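We begin with a single chain expressed as structure tokens, specifically the form deposited without its partner chain.
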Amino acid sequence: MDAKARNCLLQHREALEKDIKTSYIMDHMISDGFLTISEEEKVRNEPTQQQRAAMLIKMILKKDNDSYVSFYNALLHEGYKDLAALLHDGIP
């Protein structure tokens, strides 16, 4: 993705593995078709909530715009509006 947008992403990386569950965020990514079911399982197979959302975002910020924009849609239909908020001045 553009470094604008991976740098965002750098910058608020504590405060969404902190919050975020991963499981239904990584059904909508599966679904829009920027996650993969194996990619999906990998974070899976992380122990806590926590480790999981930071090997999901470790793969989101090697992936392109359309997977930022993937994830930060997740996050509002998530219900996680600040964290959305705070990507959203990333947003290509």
The other form holds:
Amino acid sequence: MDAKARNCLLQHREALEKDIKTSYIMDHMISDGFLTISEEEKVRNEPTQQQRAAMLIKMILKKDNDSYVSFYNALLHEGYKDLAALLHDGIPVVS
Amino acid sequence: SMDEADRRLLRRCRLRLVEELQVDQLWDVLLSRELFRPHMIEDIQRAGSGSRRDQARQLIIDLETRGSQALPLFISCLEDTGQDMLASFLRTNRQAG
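With the form deposited without its partner chain done, generate the form deposited with its partner chain bound in the same format.
What follows is the entire complex, opening with the chain shown before.
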């Protein structure tokens, strides 16, 4: 993805991991077609939600620009307003 | 076994499904129609927090592994459970071919 996108993620990946719950976000990204079932199970299989978030984010970082917007929309749609706000800097399109 | 069209359909429809699926009365129909085997059914019911959503999510993920008739069989269970709108949506989509 874009430099600013990938970097915006990295800049806030810690605050994200410390708060976000992956299941609802993966439901969105799966529906959007930006996350696969296998990828989803690798994330779900993680022992703690911080690692699941960490794995998701790890995956999204190697993804295209549309996945950055899918993750951003999911966060908003799921109530993670402040964290979506922090990522607005990185590219946000759609909402 | 389950083709890409049906797998893709279950993916693009993830939200609608996990938001709408009612599993309480499905258990016996999934068993009665042999869509899933008794041990998988319990795995699904015990998925995550065991919440309706977590169960519904695990159900539709496992569905990909049940063969070519997994979807139409799933649709039949939905119908005998009275989940007509959900069954209708899925049918219209597979029939749109």
